[PDB]
Structure formats: structure tokens, C-alpha cells
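Read the single chain below, which is given as C-alpha cells and is the form deposited in one PDB entry.
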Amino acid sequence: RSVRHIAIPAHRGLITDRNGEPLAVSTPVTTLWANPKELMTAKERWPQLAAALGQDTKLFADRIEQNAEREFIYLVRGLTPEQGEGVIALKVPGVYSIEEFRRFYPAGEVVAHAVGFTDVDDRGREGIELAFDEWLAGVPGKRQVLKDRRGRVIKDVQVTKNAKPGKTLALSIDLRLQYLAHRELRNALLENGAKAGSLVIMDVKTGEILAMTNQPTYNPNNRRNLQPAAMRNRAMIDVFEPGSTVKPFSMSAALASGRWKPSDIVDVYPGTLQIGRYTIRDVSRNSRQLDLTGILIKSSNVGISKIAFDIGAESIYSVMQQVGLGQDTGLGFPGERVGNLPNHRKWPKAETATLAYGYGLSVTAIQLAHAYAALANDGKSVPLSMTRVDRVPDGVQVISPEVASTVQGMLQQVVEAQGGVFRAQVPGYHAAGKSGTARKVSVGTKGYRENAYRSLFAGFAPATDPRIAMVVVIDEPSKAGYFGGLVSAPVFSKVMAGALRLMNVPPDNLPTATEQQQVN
């Protein structure tokens, strides 16, 4: 004969996308418990109770009997409010209901990496759920119940503490763009028989991350056979050598140096440059001299290396650091990597060249998209955000307007010119960007793999007023080639097209426009 204090569950804060679409919601559920002492006096009600709980008659009876001594045991957790009230309507002595919450994720695996999930005890363990756990959580209340000798609840005596709900959090992500990106990366992953992939979409004016998806993914609503590898928000927490996708930045350093201009011709014959023991190679060996634009179009390692030798590595390091490569994003996503921008006291030729064409440094997809955002935004870099921004934040002019404008023009040519990356063309829009392909690092030794690759494409659109930047990374494609401009480019094409239409961006290239775009 005494008083027990029992918890009152608190509503966990609603997570929404930028426009209010629910991404994580605490849904009301009903838990049924029983006092075996009471149930032992109504044994004749058991078979009906067992059948309403979908449980074997004897196994149910066994459960109650071996707990006859106890005053509390769970019957079933997480019924619907209707299902629980269906069993309560039976009026079985000793059977009680308590209303709890289940965390539900409406978009499931589409946004699992960004949103993350809570555990059995309602604490965030991954993604945004972990990052904003304090904001989201809220605080359970307490109430007192009176129980008799046998443990029968006879009275709800008082509330000693009210439950307070957690706070709503609006993510920067646009769920429409998330669905599109998710589906297209998946399709790409499956078409190409890739092992993994990431896709990031960024608003270049505001810094908001509009979409961030990875493969493999998982269903946070059903984690039964979850494996660790599927949990990774790779766009944020995995690092890679960006390869030729950093060339527009090497190029920006070159134009910033006052030593180079777009018309300058670099001689690249015969597509190799031996420097001591190390040998720089071009995969395209069809041209023997290229202007600055042609170095990007042909993606000449040799061309960019000779430029790098002239301007020096510190020039290139600087722009790369300024556009945030290898730097802290300030996002605070759990597990997020800063990457690495190597810094030697003395820069040999080897390290100077490889940096210039994107090796010996490591970035994340997020960082790469952020760097292209700055270039896309006329050289103004804007702070990354994974929450909705109200005011457009102040930027930092990291590349001059003129140089950014010139490098924009060149990247538009990388996509639109003959010999360029034509699979990256966006119907109805002028797009700009740069493909890349990187040999994966050897497993168990230093060096590069013979037959495993990472396909990259980074870019932005519309060229005439860039609105969004996008990075597509695909690991180990094995079925339809491996080059960036073959694997990742068509994904950029499709997602960029869909994204721009979804955001109502008017088309700037009507010659190539779609069915209804040509009507408006």
C-alpha cells in the first residue's frame, strides 16, 4: 500500500524540411501492461486476451504464471491508440494502458543519413537527431499513482511535473529535391553497379544544403538487419582525393597570379611529363598544345602541372583554403571530417603538380560543393547551413568577381563545347562544371588501384545566373565504364534538370528546353 511516481512522456521536437514537410515526428502510441496478481484472478479471460494480442494461448498463460509474483510486466509496446483501446474495451482485470511516443520518419531511407534516428531510450544517436538532441528532446513529467497491497492501481493522485515538448527544427533540405536526388543516385548506383555514392545539392546564394543523399542507405523506421556501412552520411564523413575537379581552383590561382590569361597556350606533348622518378600522365593524348580553357576541357594534368610549376604551390594552396577545401565547414554534423590540405615547408615539383590536379589532398562531397558554390556565386563564399536560413548571410569574396566569371565561362565550355562533357548538359539550361575520375587508394599498401575508380562531377546552373551547385560521387562503378564524364555527368544532368524545374528556375537555354518549358 504505497505511492509510485511514473513518467509522463514528452513530445520530441518535430524535424521538418525547409518548407515544413515532416522528417521526424513523435507519433502517439499505446503500451499495454498487466499486473499478474490481478490477471491471476481472471484466468478465464486469458484466451480472449491472448488472441487479441495475437499471442499463443499457452505461451501467454506461461508468461503470466511465471510472473504471478510480480505487480508489473509489459504485454505489448507500441500499439496504435485504437488497437490499445480495443484491448482496454475488453475490461480484463489487471490490464492497463500507458500512452507513449514512437519516433517516426515519413521519408524513411530518403533522408536517413541527414536526419539520423533516436534509440530505444529516445536519445539521438545519428545525424540531426544526435546533433540537435538538446533542442529536440524536451522533458518528461512525473505523476503519482496509488497502488494497493496486490499492486492494483486504484487512484491517479497528482501530477508533480508537467511534460514539456522539444522544439521544432527546420532543416535546409528541400524534401522534393531530396527525393529526386535520392532516386537518381540510386538509379545511377544500380545502373553502374557501384559500391557507394553521394550527391549534394547546395543553394549557392544562401549556403543552404538543399539535398544530401548517399548509397548505401537504410530504413530508420525498420533497423532490424542494419549494417554499419549503410549508416554513413558519406557526403559529410568520408574523404576522397578530388582529382581534376579542383582544376578550376588551380586555374583561379593562375589567373589570380597575373602570370596567365585565358588565351595563353600551354604545350602538353606527348601527354606525359617526367619529373624525376614521378610521371604525370594525361588520359587524353590527342592534342599537343592547349589554351587555358582547353586544359580544363581536355582535363590535362600535364597542362595544369606546368601552370602550377610557374605560379607555385602556395598560390594554389591559398585559393583551395579560401574556398574551404580541407577546412572546417562549421556545420557540426556528427562524424563530419575536415579533410586535409597538405602543407610542406618546402614544396617539391611532384607535390606541387599533384596538388594542382587534385591528389595528395582530401575533401568531402560537402566541401567540394561548397567550393563550387563560391565559384558559382561570383567568387563569394557563403557559410554552409543544414538548417533553414531566414536572411541571406554575408559572404566572403574568396575569388575576385572577374576571375570567377572567367572560370565560370570555362566550366560552361567544359560542358558545352565539342570534345567536352556532353552528358552533363541540362535540357533547357546552360550548365557549367568539371568531371573527374580518381583511381582509388590501394587497400593494404601505399599507391593506387589498377582497376577501381571514383567518378566525380561537380558543377552549377543556370550558367547565366547560378542558383545551385551539385556534386556527384560514385565509388567503384563496374558495369558501364568509370570515367566521371560517363558515369557521374549524366546524373548531374538529370538531377540538375529536375531540381531547377522544381525550384521554378526559368530556363536560360530554350533551344534545348523540355516539353512544357517551351510553352511558358
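Positions refer to the first chain, counted from 1. Here the rigid core means the biggest group of C-alpha atoms that line up within 1.5 Å when the two forms are laid on top of each other. Compared with the form deposited in another entry:
- The residue among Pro81, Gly332, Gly409, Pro106 whose Cα moves by 2 angstroms or more between the two forms, once the core is superposed, is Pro81.
- After superposing the rigid core, the Cα of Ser478 is displaced by less than 2 Å between the two forms.
- Residue displacement note: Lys494 has its CA displaced by under 2 Å between the two forms (rigid core superposed).
- Once the rigid core is overlaid between the two forms, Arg259 does not reach a Cα shift of 2 Å, moving by less than that.
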Second form
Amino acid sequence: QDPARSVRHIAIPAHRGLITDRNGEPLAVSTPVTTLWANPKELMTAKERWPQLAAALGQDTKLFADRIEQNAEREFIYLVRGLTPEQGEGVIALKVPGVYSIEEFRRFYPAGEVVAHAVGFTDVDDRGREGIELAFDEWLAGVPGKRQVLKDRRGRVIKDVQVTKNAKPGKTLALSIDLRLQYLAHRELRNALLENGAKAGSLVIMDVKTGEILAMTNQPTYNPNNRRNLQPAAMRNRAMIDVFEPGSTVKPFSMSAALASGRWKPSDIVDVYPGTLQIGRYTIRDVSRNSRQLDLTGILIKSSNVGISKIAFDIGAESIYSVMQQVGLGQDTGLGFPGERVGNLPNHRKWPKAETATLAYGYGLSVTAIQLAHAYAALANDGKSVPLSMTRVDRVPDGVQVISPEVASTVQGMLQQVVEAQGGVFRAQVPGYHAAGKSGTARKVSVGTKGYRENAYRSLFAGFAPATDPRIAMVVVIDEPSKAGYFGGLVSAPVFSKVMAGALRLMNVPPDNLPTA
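Starting from the form deposited in one PDB entry shown above, please give the structure in the form deposited in another entry.
Next comes a single chain, given without company.
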């Protein structure tokens, strides 16, 4: 019986889709590689050639021979996967009986570490396993072909009969990322980390009008063309996977809920004296504690937790929750990246006072940098939230009006004062332009359950520009800066400034800090 001849089929590997940036610059490119395999049965008839073959494969001669001897019953084994076709011709030129070639693909990432987290990485079988390569793996993968052959009883192909199914190439994908901005962000976030002795950071830039992520960088990063180091922490796309309490950066949302309530206008006053406010066993405290009456703008400039808490008590937590929820804090982004973290927005039927206050000033909720950026985008886009995209958006979908345009425009103006006013976040200023935003500084949560860390902080800045017709929103998060100056306004705001200055000019956005006509 057995099988004198035997009809078998083999997979024809499909070319993986090119990934570009939004201008067509290549970011992931399928590279023809040569994979060498062998038929041990056929090898058994040319043992005299093995030691030269082992040498060519950088293998110990005995270990190589042991490997073939032990796999002698098999008909297929890899010798080496993915060599350059030039390396592959070297071994093919030995002309060893039983040694054969297949054309595979392997990705090359021309921008390397600069866009590694966003673009991602493929596994040994050319499948996506992080970032866009994973999120769009079915678009990018195409469909393998099917080639029909005849094989003898000891595994040797006797002829190519025909292609029963043609391989179908995967399709091109243009990201929303602009590599010019991505490089600028990458460089300035790296510099800031190093300058501050920080442990990690993220920086997201978004188009407020289109929902597009124009830049997304994290430190530490890695070189996805280096398939050896296997360093899982440097591979974390922190902007999408590492949640944090946003702190004072959510106060503009609390204020939006205050203005929409009917009960508050920007010139109304809150008494924040003496810088603390006792709520049962918890004490709300401000960092700076030499104020009494502050107007709502001043509450933001001084970043008074006490002031925002008194407003929260007056309007109720439900209104604040609703704004936060509607702008996307702790909510699914829709981006469909496996392993993206949603974080958490807490909810109550009856909010207690402490939960009410801490929510209003940014504790007891966990967000991602992408969420935070999208929320600022909505605010900047006169209160309209356009769906987030990591792919280039040619036709913009309808956004959802999540904050009224009048309230969002009032809040814009207040954030411009936060940047421009005396005692504000002057380091976030963008020469030539009107910029707007909000600093934060949060103690990190302690890892052994419990409470909060004494000496360890996260520094934040979130903002947009130009104030008079916003185009770009940005979030800068730096984890555990190490110098005496650790506040968001010191550490993160100058990154915002430098990156907004370049980004606006790369986008040919006209300077708006002009005379009055």
C-alpha cells in the first residue's frame, strides 16, 4: 500500500500590507526573506555534506548531526527561518541533497523606535502581535495561497502541478500619525525624561476636528527591527495601556459641569480659606494655602482642590460624572487594540462627599493618556467629540455634542488664562500663539494596596492650541521625575510648549497672537 506518489498541498505565503504614515511615508514594509528547511530522509543519503552545512549555519557539527539523526523519520524541518536572501544563496550554493528554500516575509520598520508602540510588531509567523500590526492584522495579512504538488514515499516533491488558490496580498493602511510630528514628540519626550531622571512617559497629539491621533510616543521605547532583546516593559504602549489618576487635569470638566448647571458663572467667587476643608475623616487640602476668595478662573490658576470641591458639593457629583463619561474618561475608545486599558470612572446612586470632591479634582478614577487627550479634544472642538482614529480620516464622521458650545468656549478661555495669567502655567506658553491648558501633579498610588506614595509623583500637562481656533490637543505625562521640581507645570508644560511650537508650524497653522484689528 503506502503511497507510491502522494498529492499534497503547500501554503503560498501572502505579502503583508504596507503601513504608511498619513503622508505615505513607509512605517512597516514586508521584506522578502529566505527560509531554509530540509527533508531528513533525503539528508540521510548525503551525510558527507552535513558538516559543511552545519558550518554554514553556525552550528556545532555533532549537535547538527544529532538533530538530523533524531528527526530521521520526519520529512520537514526548519534549518533557519528568515535569513536575508543573500545569506540563503550562500547555503543553497553548497548544493546539499535534501536542503530547500522557501520565500517568506519579514517586516522591516524604517522609523524604528520612533513609532514602535503605535505601529507595533509581528511574530515569527508574520502575524501582528502589538499595536496596529495586531489591531489591523486581518486587513494587513491578506490570504495565503495553495499550491498543489506530488510527493514520493520518503517526502521529496516530484512536481509542481498547479496553483489551486492564488495568495491574496494584504492591503495598504495609512495611519493617522504624521511622522514629522511623531519624530518631534519622540525627541522632546525623550529629552524631558532624561533631563528629569524620570522612569517613563507618554505624549499624545490629536487633531481636535478629525479625531485623528497625530502622534503617540512613550518612553521607554525599543527597536522593533531588533528581534533578540525581547524586553516586555519597553514594549508597553503606555499611552493606551497604563492607567493613571488624572488629578487636576480633570478640573476643566468639573468646571464645564458647573457652568452648565445654571448655578455658576466665571466671575462667581468661592472662599477656599484656609487651604483645607474637612469632610468626616478626610481632609481636602490645597498645595498653596494663602487664598480666601477666588473666582472660577482663579480656582483653575491656583489649582485649588478645595475650591473645585465646594463647587462639586453645590452642583452634585452626577453632573460631573456625566461630563466625564461623555468626554470618554474611563470609557472604551472604540479603537479595538487588544489589551487597551479602559480604566475606570466610579459611579454611585448616592455619592458621598469624599467621593464627590475627589472625583472633581481627579482621584478615584483611572484614565489613559489617549482618553485624556480625546477629552481635551472635545473641549477644544467647541464641545463636540469626534470619534478617535489611528488611521487616516478622509471623510470625517459626525461628532457628538457632549458639552454645549457656549460652555466649552467659556472653559477654553479660562484655560487660556491658566496659561497666560499672572501666577499661571507660563512654561506652557507657545510663542507666536495663544495656548490653553491645565497642569496636574498626582502622588502615585501605593502598589501594596492601601493608599498613596510619599515621594513618588506623576507630572501632567493637557492642553490645546491655538486658543482662538483650536487645532491640536496634547497630553504629556511623565512618571517619577527625580529633581526637586516635580510639578506638572515645571516638568510637563515645557514639553507641551516645545512640541506644540513645532507641531503647529509643521501643520502650517497661522500664528494667532496678533494685534487687535
